[PDB]
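Next comes just one chain, in structure tokens: the form deposited in one PDB entry.
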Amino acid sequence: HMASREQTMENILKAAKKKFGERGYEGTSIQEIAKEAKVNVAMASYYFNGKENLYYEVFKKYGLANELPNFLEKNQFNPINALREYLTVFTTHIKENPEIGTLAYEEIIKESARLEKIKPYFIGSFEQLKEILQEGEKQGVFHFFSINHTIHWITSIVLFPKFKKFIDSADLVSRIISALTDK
């Protein structure tokens, strides 16, 4: 018989992930999301009350289940291993959730009012990169001209939703580390 409330909301979130991923936050409306979800706009607005909250719920559903552990501490301040773990977790997440790559990239490069609320669901843990790189540089293992340029370089490649069509994930992780460890 009838769909459950949980199923309909899930359908709407799948739709919103898809549509937000295609057209960005600004380029997407609740009307197109409802249409994609095959639900009445009224029902979609009853459950989520607007695209802002729907966007938040997208990051919550398809971002990280939990804040990630500190990779440097987890790897006992072995910077190469910390970075391998960091890169493995994130490239794997983006492989499974390409839209989060696109959306997180946009929020990283252009700070919006939404940042503070969505941060725990992806960007907060993604920001561990800086300390990993500084540690590796400090330990004489990573070599790069600028920390911020290296952060932007990795952010751009790791979050790109179609990276798997250019390069395997495990290879991407290896190649990123190699580029840093080359003296």
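Numbering follows the first chain given and starts at 1. What changes on going to the form deposited in another entry:
- Both residue 86 and residue 139 are carried by the same rigid part as the chain changes shape between these two forms.
- A two-part rigid-body description fits the chain between these two forms; in it the smaller part is rotated by 22 degrees against the larger.
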Given for the second form:
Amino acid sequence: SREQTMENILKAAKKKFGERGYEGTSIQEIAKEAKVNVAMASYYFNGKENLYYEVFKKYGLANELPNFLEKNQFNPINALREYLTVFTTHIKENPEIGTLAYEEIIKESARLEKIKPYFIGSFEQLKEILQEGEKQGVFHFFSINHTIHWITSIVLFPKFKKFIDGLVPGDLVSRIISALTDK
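For comparison with the form deposited in one PDB entry, kindly provide the form deposited in another entry.
Since only the chain itself is given, any partners or molecules it might have are not part of what comes next.
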């Protein structure tokens, strides 16, 4: 019942913050969405700023990711496919993470710093998988920086990709992999 209520409030926080952003969302709005009074929301989460962080802590990218390269016997295509599947599926089921993150990147706020780990943590692996695929002659790209840039844009901002798709004539993961294995 404690956990249920805490979960209810975090689900509501994610929903409302995702709709209106940090500033446009109130603790009252959230509490109302969660069917609890404001005092109940303060008790568990102690104010707007910390609730926002707990939203990223709970629904952000899971911090305990296996090593995808080892998990996939150092087959980089297989490692990248699994990595990207894990990560794009997460953003599909928790889209607010993507849209809130990619927002705060523009406001360059103090929130950004505390938020980073919960959508950024796995980029190190993404670098390793790519560099090992390049080393194996299985991936081809101009630079690692350029490639992480467009791959993480798709991961965090899949709707921009849909938007460009509407203007210029799939499966996201397969499309990332085809762009990399083009020789």
